[PDB]
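Student: The primary structure of each chain is shown beneath.
Protein chains: 2
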Amino acid sequence: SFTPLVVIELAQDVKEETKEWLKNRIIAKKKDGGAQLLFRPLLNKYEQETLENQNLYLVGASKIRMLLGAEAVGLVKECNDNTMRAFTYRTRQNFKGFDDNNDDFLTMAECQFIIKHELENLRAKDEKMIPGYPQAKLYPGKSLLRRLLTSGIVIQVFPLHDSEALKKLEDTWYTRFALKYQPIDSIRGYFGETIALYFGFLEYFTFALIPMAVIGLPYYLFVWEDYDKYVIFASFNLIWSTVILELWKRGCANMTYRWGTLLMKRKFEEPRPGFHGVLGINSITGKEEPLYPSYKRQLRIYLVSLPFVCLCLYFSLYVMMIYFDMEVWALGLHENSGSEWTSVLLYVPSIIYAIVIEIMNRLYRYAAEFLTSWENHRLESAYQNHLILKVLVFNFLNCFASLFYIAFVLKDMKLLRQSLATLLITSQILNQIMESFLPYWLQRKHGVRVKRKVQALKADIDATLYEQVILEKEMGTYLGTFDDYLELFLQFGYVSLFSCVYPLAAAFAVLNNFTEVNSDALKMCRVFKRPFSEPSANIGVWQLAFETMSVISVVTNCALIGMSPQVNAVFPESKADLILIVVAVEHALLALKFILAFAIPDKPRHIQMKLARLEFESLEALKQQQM
Amino acid sequence: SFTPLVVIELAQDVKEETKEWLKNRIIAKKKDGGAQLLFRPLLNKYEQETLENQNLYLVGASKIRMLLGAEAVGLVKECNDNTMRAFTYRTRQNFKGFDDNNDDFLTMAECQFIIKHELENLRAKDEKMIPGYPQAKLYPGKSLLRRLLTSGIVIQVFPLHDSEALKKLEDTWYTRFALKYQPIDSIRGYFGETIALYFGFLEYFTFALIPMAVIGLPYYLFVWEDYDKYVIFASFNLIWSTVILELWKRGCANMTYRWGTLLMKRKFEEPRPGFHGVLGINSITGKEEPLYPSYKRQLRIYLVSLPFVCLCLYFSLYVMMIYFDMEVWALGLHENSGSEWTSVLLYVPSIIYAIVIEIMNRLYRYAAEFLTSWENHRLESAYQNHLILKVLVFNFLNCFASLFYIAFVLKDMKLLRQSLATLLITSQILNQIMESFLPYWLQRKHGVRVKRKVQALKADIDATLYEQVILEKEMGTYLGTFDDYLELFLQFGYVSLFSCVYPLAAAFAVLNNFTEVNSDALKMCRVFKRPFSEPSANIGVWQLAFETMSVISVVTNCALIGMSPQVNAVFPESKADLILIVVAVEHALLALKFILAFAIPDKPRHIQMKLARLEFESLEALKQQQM
Ligand SMILES: [Ca+2]
Ligand SMILES: [Ca+2]
Ligand SMILES: [Ca+2]
Ligand SMILES: [Ca+2]
Ligand SMILES: [Ca+2]
Ligand SMILES: [Ca+2]
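Just so you know, the protein sequences line up as chains B and A, in that order.
Per PDB author numbering, residue 14 is the first one in the first sequence, and the count goes up by one each step.
Per PDB author numbering, residue 14 is the first one in the second sequence, and the count goes up by one each step.
No false leads were mixed into what you were given.
The list makes no distinction among identical chains, and a pair is therefore deemed to hold if it is satisfied within one copy or across any two copies.
In silico SDA-like cross-links for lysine to any residue, where the CA-CA straight-line distance does not exceed 25 Å:
1. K616 x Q556
2. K109 x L182
3. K616 x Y305
4. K109 x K623
5. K280 x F629
6. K280 x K623
7. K155 x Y305
Keep in mind the hints are simulated off the structure, nothing from the lab.
Given only the sequences and the hints, what does the whole structure look like? Please build it.
Tutor: This is the structure we're talking about:
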């Protein structure tokens with residue numbers, strides 16, 4: 014009669030012996046080699062109509078069980094003396110807002126995180142195989158849930174949405190008529206810390222292009238390129254990108270200390286789901302793990318994947334060259350035909366090119382995910398770095414090659430303004446359609462169909478739970494916060510790479526992000542399943558990617574300074590000093606940008622003092638056991 | 014009747030109450046608030062001749078005391094299963110080469126380190142002042158030895174040389190007739206880990222300019238600038254500096270794991286000796302510490318020190334301009350006088366300029382050390398960073414301004430070759446005279462005088478100890494490994510900044526370092542006192558300084574490519590494409606250099622596995638106390 018927290022969906026053709034063996038490994042206590050979780054079927058009775066939903070099981074636990082699981086995970090809660098310490102069951106009375114009759118201490122995100130973590134740490138010791146299935150090779154030290162997922166018995170494990178606390182989050186989230194700081198702490202308590210860091214980063218990055226847009230809106234309209242001759246605005250833009258990328262690191266440390274995930278120790282990562290080698294003794298841990306020879310992994314990268322990426326980049330350049338012949342053909346068609354179709358025909362080939370870019374990027378994303386899931390990467394952190402490298406290089410190249418080809422080969426700034434504005438707005442509109450609005454529309458149709466099916470059932474089913482579980486079974490799963498950072502990287506690419514010749518593009522990012530804060534929120538609320546809460550202390554490798562964009566943008570902006578007609582009027586006869594002065598401005602901005610990233614400290618002032626006290630308190634505890 | 018390890022030299026005018034109070038705080042046990050160290054006077058009897066040496070005291074301890082002190086410091090020794098773990102007294106039987114009757118377990122360097130560490134951790138609890146001295150303000154939590162040093166009662170605390178194990182180190186150290194790998198492990202066991210890391214770094218850096226010298230010796234003699242036109246050699250030199258600065262980091266982690274100081278935790282640093290503020294509650298530790306308002310420290314830097322450094326840099330440029338008028342005057346005097354004094358007069362003004370540089374650098378070093386000891390820096394790590402910044406900027410500027418002024422203003426490569434070779438060799442010769450050879454000569458005279466005084470004494474003094482302690486009392490103290498890294502930085506500066514126009518200078522570094530390995534060894538053996546052993550895991554901020562030299566050298570070498578007569582023959586008419594191609598080579602080398610520093614991992618492969626096992630073993634221990 015408990016509250017369901019995690020849903021396990023078994024497959025159809027599952028024998029009874031495996032069901033009872035799994036049920037006996039869940040309910041049995043922690044000292045008997047079980048997991049001590051409360052288990053329940055979805056329905057106590059069944060009729061011939063609902064027999065195809067007879068495999069859904071709910072997993073929860075009791076309060077003392079969640080506290081013992083909180084000791085095992087290492088949740089970081091606030092103490093009564095305003096200090097973030099690791100949670101232990103023996104010292105549980107010290108923490109703020111805690112009673113022994115308080116079910117509101119551990120939030121639903123941490124409770125769902127602990128139950129997924131206890132199913133992950135469910136290992137086999139005596140059993141060499143799963144009873145009833147030959148191919149389930151079980152060695153001692155292998156997770157049970159991982160082998161059930163890879164062998165196709167457990168289809169999906171997903172946490173449950175809370176339909177009455179989600180609406181109270183949505184009431185204070187969708188900003189639409191008034192500027193308002195987004196409630197990142199309530200987002201955190203509902204969605205974990207990784208999803209909250211992205212929404213904190215999106216809310217931060219929106220309030221960092223407002224100086225670019227406010228300065229750059231009259232800088233393009235009133236043409237102030239006569240007075241400063243492009244030196245103040247280019248210098249202001251590039252120094253400003255470094256300042257927001259350093260103040261984001263300060264703000265991210267401050268936020269992630271307020272939640273506690275700055276102090277969680279690095280948990281040792283198990284091999285990822287889909288890493289197969291030969292069974293052997295792991296050298297590091299001393300346990301039994303799959304082993305793979307390192308030379309086969311290095312060969313599969315640097316001889317198959319890297320040539321395939323190079324072929325795809327060459328193929329991306331080939332599609333770019335096709336587009337420019339289409340542009341010349343359309344310009345000739347504009348010279349041929351008339352007066353009426355003289356402005357609408359000029360916007361058509363960039364739109365066709367924009368749609369082809371956003372189709373080829375998703376096609377390249379599936380091929381690169383497959384080609385990196387084929388290389389048998391061991392950890393999950395390593396797999397993410399290689400996938401990020403392949404997809405980032407191609408998306409950088411495929412989106413900005415055409416703008417680079419216009420600016421530095423044709424050298425035609427009127428065509429560059431038109432093409433940059435059209436590419437940015439069309440890619441964003443097509444992004445907002447394929448990311449959130451069209452999947453939300455398909456979900457409304459699918460939700461209405463399941464609801465109209467459930468109200469016509471003629472059974473005594475408690476509908477308030479079964480309808481909810483059936484709806485969240487067929488939702489789409491969240492594939493990490495990787496695409497949601499990639500959209501911001503390409504927006505930051507379109508704004509900052511060519512902010513000299515077209516600063517107005519900065520405004521076209523801000524008017525997008527005022528929707529994106531809404532649109533992504535809808536994508537997490539009514540589109541996808543609830544993602545499992547995952548602790549993260551920073552955005553990760555994306556800090557290096559955004560900073561690399563701000564260094565590349567120095568070279569690109571300085572190359573656009575040395576081609577404008579304003580600066581070439583300064584040195585009409587001596588074109589050998591213009592390049593030297595532009596290179597001096599380029600090296601001075603690069604040196605000043607790296608000094609700014611090196612001068613500003615990474616952690617803030619008072620957070621560094623609180624982290625220093627927590628280290629000194631832990632060092633004295635070791636000293637006290639010695640003393 | 015023990016073995017003396019540490020000598021404490023008191024002042025002359027020290028009252029008897031302070032002597033007995035200090036002696037009662039040393040001999041008393043660790044539980045009674047003392048230090049439990051064996052204490053002894055230098056001489057049991059005294060005559061009227063040796064009354065001025067009546068304040069020297071010897072401090073040692075017993076074997077169980079050193080093991081308990083080794084638990085407090087955290088020495089990292091090897092276990093029997095080839096694993097580096099922290100030393101504890103309860104698990105003392107696990108470690109290699111250990112008996113209960115083995116005095117060769119803790120080496121003399123670690124024993125002298127523990128005794129200095131126990132005198133440092135000798136705090137006052139009840140006493141508000143030193144008995145007999147008014148000005149010794151004692152608060153609870155203040156070190157006793159630090160206040161005795163600053164108030165001028167304890168003159169110096171220095172460890173003792175072992176005159177029979179030092180000779181057995183010198184027998185295998187001075188290489189002179191045959192190339193030989195320097196014995197860094199025996200250097201480590203005698204001199205601590207910081208001094209051993211410098212000698213390991215000098216031995217490494219010598220075997221890294223041998224490819225520069227071997228390639229650059231026929232590259233200058235046979236003039237191969239015709240065939241490659243300066244592209245291969247400049248690219249080879251700059252990529253090679255990054256490779257040795259990354260393989261040094263790999264080699265330093267490997268060496269410092271073999272000694273154990275990669276795993277010693279960061280000890281919390283006490284305020285440095287000479288930091289005075291107002292007495293208050295330290296916010297971090299919660300103890301009582303001096304506090305200083307942060308705005309006064311920031312004002313004393315950015316309004317007094319930084320203008321003084323700027324005045325000294327302007328004054329350094331003024332001395333440089335005086336030298337060039339002297340060069341033109343000497344060139345005119347060469348045009349005036351004759352044929353005979355036509356080559357010796359050309360080498361005189363650079364030698365006069367070289368002597369003035371090495372005098373002004375030491376004068377600037379005293380002024381900058383004083384000006385940074387005046388800013389009241391709190392920790393010692395922070396004080397070292399500011400002193401390194403002032404001295405490095407001026408030594409970089411004062412040594413290479415003249416070479417920059419010749420290369421990029423006069424643009425005269427014949428004068429540049431002559432001036433660079435003369436500056437490098439004369440600064441090194443004057444460095445080797447003032448660093449080690451002349452202080453060794455003064456020490457031989459001083460040692461003979463004390464020995465001839467001691468053999469004519471007419472007393473029953475045990476001369477084998479008293480002669481040794483009197484000699485090491487008046488030696489010079491080692492002022493950190495800061496000057497010894499600065500010499501290598503300027504050598505690396507003279508080689509790599511202008512390796513294009515003069516690669517022969519690389520050979521002039523190697524023929525210096527083959528002496529420097531000898532010369533510095535003599536400086537540590539027969540010149541200075543024995544330094545106290547100090548643990549260090551890396552060279553510190555010098556990795557950033559050497560890498561910054563290798564990035565600056567890309568820009569300087571590319572600017573020397575774009576001025577030679579070989580490359581200007583490629584583009585005779587179009588001087589606007591030469592700058593673009595040189596800038597493209599400059600940006601391609603900078604991008605490839607940072608990718609090389611980012612691609613090669615910092616820790617080696619197997620050391621990373623051993624450090625990962627040590628983390629997993631410690632994490633399981635926390636898990637076992639929970640389980
Ligand atoms: Ca979007
Ligand atoms: Ca998004
Ligand atoms: Ca920073
Ligand atoms: Ca020297
Ligand atoms: Ca030296
Ligand atoms: Ca590296």
